[PDB]
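For reference, the chain that follows is the form deposited without the ligand, supplied as structure tokens.
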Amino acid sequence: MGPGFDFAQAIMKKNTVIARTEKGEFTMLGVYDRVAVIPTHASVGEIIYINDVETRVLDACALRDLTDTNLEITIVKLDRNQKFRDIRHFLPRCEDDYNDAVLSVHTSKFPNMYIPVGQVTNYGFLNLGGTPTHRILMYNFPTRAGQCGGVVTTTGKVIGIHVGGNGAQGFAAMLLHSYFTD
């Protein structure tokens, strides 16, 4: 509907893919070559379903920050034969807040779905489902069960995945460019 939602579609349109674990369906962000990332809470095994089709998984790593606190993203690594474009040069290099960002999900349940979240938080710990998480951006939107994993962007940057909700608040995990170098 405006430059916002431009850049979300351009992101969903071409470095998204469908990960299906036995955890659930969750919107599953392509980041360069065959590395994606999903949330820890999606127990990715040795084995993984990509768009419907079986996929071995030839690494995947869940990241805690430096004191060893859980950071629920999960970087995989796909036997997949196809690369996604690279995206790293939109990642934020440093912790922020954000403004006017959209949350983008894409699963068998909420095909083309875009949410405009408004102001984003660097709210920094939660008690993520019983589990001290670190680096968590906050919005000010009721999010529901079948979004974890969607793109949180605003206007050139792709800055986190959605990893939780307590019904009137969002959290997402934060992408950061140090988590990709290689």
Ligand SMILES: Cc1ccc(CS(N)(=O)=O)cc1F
Second form
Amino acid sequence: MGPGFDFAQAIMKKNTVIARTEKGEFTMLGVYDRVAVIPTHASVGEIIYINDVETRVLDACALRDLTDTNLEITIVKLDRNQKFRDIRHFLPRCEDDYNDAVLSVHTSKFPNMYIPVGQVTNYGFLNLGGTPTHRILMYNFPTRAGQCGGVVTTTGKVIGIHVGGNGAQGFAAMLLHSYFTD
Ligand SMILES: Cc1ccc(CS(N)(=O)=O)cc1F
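Right, and the form solved in complex with the ligand of this protein, after the form deposited without the ligand?
And the full complex, kicking off with our chain again.
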């Protein structure tokens, strides 16, 4: 409808796949080469489904900060025959607050879904499903089951991936440039 949705759409059309694990279906953001991100609670194994195709998981790491604190960011390298468009230049370098963000989801259940979530707060610490978690972004929208892995963008930046909610607020794990400096 406007330049927020235009940027969100451009990312979803080239840089997302549908990932299925034993824990369900997730929006999964491709970042560069065969490297993608998913919420750690997806429990990625040796094998994953990518757009309903059996795919070997070449390499995988759950990111924890330098106090061994869960971040909720799992980086996956997929045994896929095709690279993602490199979008690392759209990643913030620092922890920050943002205005006018969009959460975009693409699954079998919620295709081509875009939610204007508005202002995003650098929330920091969250007890997320019982797990102490750092670098959480918060937005005041009542996000539901099915949105985990959803991409959070502003015009020009990919800032995080949706990892949970409390019925009134939604929460995303920050994406930082530093996570993907190969
Ligand atoms: C499995 C995996 C692939 C790529 C990266 C990004 S990097 N090479 O800058 O650390 C992290 C990973 F954990």
